[PDB]
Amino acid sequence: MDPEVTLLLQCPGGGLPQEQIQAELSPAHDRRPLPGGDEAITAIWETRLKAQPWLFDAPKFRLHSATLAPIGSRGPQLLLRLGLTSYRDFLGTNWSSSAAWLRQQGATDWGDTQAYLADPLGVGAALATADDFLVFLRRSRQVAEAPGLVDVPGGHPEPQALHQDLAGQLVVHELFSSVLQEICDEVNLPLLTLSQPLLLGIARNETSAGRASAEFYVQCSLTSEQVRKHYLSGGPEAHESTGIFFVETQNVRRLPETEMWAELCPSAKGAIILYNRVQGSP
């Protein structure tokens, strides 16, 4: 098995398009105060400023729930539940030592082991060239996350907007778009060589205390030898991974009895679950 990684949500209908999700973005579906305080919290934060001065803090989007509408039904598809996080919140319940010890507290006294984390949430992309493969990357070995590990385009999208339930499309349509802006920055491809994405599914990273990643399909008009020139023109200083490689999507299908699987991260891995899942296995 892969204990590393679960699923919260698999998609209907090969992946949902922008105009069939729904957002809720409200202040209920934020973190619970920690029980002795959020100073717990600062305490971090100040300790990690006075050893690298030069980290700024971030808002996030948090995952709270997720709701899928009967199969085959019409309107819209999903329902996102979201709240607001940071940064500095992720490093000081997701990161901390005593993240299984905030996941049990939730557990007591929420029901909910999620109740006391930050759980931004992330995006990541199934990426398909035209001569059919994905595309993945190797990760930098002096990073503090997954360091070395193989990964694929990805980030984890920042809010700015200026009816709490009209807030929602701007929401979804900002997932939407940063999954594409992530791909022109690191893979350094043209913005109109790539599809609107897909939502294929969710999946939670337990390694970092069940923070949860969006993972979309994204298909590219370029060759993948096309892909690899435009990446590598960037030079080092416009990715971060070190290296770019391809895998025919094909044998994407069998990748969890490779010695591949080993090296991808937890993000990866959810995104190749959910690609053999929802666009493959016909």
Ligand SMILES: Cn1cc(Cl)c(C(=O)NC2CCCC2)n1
Second form
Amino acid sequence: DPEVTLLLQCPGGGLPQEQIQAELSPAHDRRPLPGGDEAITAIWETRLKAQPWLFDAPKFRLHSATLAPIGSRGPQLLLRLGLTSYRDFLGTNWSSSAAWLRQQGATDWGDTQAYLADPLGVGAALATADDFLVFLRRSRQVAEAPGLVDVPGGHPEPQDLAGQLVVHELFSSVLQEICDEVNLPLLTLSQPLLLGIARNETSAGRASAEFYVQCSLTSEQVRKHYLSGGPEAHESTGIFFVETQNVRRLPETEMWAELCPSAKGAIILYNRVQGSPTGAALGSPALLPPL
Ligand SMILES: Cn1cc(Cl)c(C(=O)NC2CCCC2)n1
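Mind pulling up the form deposited with the named molecule bound next to the form solved without the named molecule we just looked at?
Now the full complex is given, and it begins with the chain already shown.
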């Protein structure tokens, strides 16, 4: 699967909010472009003169994420975060010249991402009370991944001592994105666990935090809530459900070719971190069928 690479696989079935540290520092920002950030300003002007209703917004930037030695006490993950914007994204990762910026970054900084906005996404493996995962169909008229299958999520907007507020906003934002798009009450949702981080190589390597969230509603109740919002209550054009039993082999299905890279990330990390049992009981042949 060349369009998705794993940057991080979390231990212990995934990490809760209280085991994660963030360092938010201008040392983690994008470097100025070799010929100057004028090239980003020019792309943005051009775009606004065709779509003057467009607006900029701040975004978290992912620099790096370091996992502690496995089995250790205390904080298990450090996220190194800077700040970027939707505009910087359109001028770098989304640019036709994005691969040239990656080569220049390797040459100048020994870092393929040095000249890339790399806004941090969030996504969810969202499971129902009757053991299905939730999928969404993207409109065929949007710019990115048109007509492809997605999972719930988005790109959160800002606002360990500013760090703990930043971790809270990341965990908060994946629940908020589930409530906005799927139309579920917040009180039907578990506290998220971080499964890992996945990079979209089709979008010059921008990364998404992938989370596990459990809903106390069944697939049929989830569908009712989604539909009862009406066409204007969601950006997706449909919802559907796959048994967690069948998610195990989704990479061998015809569905796999229709999944956008960030949704492939969420499913690979779900299969490695929440799937793949380690113990004698869940590992027995009758409960873990071979092939
Ligand atoms: C793929 N990507 C990267 C970022 Cl950043 C975003 C995002 O913030 N969304 C924007 C498109 C609609 C208006 C805002 N999307």
